[PDB]
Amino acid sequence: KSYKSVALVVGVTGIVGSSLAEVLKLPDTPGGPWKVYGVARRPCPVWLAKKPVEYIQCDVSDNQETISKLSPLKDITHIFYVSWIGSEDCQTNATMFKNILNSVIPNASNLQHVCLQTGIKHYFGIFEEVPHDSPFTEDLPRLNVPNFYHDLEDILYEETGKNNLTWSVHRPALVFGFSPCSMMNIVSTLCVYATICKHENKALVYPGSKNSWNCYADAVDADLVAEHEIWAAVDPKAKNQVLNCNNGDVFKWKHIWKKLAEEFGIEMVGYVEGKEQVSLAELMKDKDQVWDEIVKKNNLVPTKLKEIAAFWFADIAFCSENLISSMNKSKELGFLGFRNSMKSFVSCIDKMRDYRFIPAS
């Protein structure tokens, strides 16, 4: 075909990358019809080979490999950088993004826009070792921390300015999504926990803090992040803006916890007054084998426990509070996409069952 737009999705197996791969191929999608190149680290997993994306395995931290794999991609119009290296290292994250731009900018003559996805950590700090108060708005100045987001933005602003490309930064809230290859997928994580509770005839027992149980929290659906990125990539009113992305509402983990129990047909144990947070990472230490049994029993897409779940990240979610972000700027710019967070959560569950990452019920 000829296409209207050609996307390079860096991080296609990711929690947002995998949604963009679906969303960009819908016929109503702005800027369409879209060709999609999808970059990720590992060989194309099976679930993705059944999608119309041109998959490129590439270590994007390796400059020569990245040049050789992406230089030839002359038709690219829009880059969606929806990746990170899996640690908070400013240098290695920065290298990834620089490699992408240095490989594509000089070879793709119709390149228009670079979309960079970071996150609300911008506002409160990093996962190793202060915060702005919320609701977080986009104009809040950088914290004095080595946040790799600062380096990515600086690279973005430099490279796009000197090459007359447009840019956007997206700072999603906690993502409700479906990919089993993510390093930070709260829903799969909690789904795996519940699946194990069920298999071991235990209750869905809440391991988190009191505050996280009771405080207002927010999130974003992966598909909404993809729409928001696509919107900023094609709508000229949105160009060259930093932009938060959340579902537009708030929830409480306590209400989510109940729905999770109901979705797995098991009993729930809520937060208990005075009792304190225990580490779900520690509780799930040596469950790799139970998970390998479950995968085989239900004929699931095979995943290692440490791949599909990130219990450490759940622990952080469950000692967090006061992290609400504002969608006012996006709405004032005309983006009115939203989701009902309770429904988005359930819909991630359904979809992970649908795609056979977790057991049906």
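Positions refer to the first chain, counted from 1. We call the rigid core the largest set of C-alpha positions that still match within 1.5 Å between the two forms. Compared with the form deposited in another entry:
- Rigid-core fit between these two forms: of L165, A108, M184, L101, the one residue whose Cα shifts 2 angstroms or more is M184.
- Core-superposed comparison between these two forms: CA of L323 displaced by less than 2 Å.
- Core-superposed comparison between these two forms: the C-alpha position of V225 differs by less than 2 Å.
- Relative to the superposed core, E54 undergoes a C-alpha shift smaller than 2 Å between these two forms.
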The other form holds:
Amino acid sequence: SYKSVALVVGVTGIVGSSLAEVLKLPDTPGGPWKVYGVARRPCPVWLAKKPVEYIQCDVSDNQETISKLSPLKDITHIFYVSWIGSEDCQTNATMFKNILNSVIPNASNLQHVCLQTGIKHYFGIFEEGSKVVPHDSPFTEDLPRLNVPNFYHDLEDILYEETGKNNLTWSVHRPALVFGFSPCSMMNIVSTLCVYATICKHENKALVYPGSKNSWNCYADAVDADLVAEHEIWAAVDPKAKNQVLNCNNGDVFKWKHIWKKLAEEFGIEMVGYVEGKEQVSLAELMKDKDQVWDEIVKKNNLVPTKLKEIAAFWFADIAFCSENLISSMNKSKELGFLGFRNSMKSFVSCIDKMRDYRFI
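Same protein, different form: I have the form deposited in one PDB entry, so give me the form deposited in another entry.
Below: the lone chain, stripped of partners and molecules.
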């Protein structure tokens, strides 16, 4: 006897993991929820124990998708939180199309399709200057799209078309930089920084900040993976949130300089912050020969064995550390009644804690 039935596409992702968890809490709106979890890989060891119906499916394969997803006649809400490789139009588009084409004609009580994109929706060729343009940060919803290839635009168009043709409600969610960790999706800014801190500690080296001066001192924002799930569940159940494009972030701002000090304290090591006259260095380049050291750290500290290149994305930290002026606005969600938030500093530390609890660090 479930009140609502979720199809979570990308259940192995960082947000998809949070959804499967949050949807199954006893107090969750729309509940009690039944949850199907779709991903490409064979059923993970991590999701196996969970009250989630795992479905292994390559959703780029339409025929396989029809076979696996057509029998699911009871679906009421689709949460599409999947993304595969790079930012590629046609591949993500076909996957999204395949999901809808398989479920829509088969789920008679389907109500809502939640589509997750991201703040990269707002990104163009140019950095923001002194002129005033609706595309400036703080990024707000319901601005015109940039005339630039953006695979998020394709996904949105498919969403609007299919839900419009079939009398379904929709919601688009644009999460900021995600703080989170999933054993099936290890790549994240938090895990990357934690691996660096671990390596520094192992080598008896200080936590040396390699990034630019601007990224050290400028305001930044992010979103906790659990908050994204809460936000998507809110839009799935609350009539006020229906047919809305919505940003999703923690509701506050932070500075990498403050995160850095917290990171060093959590690891019990010294830090070197930005040094005047010492320009940005590539963390990816600094870590390029550390794969073997990571394997040694893993065995010495009895960690779940991971390969360095699979748990850390140092290049992505390099991007974050030369980024600026990317704040997104949460006003629309708040004006619509969604009051979820996180303290970003506590959110960062709690992600570290989760990595510890899973013995990845």
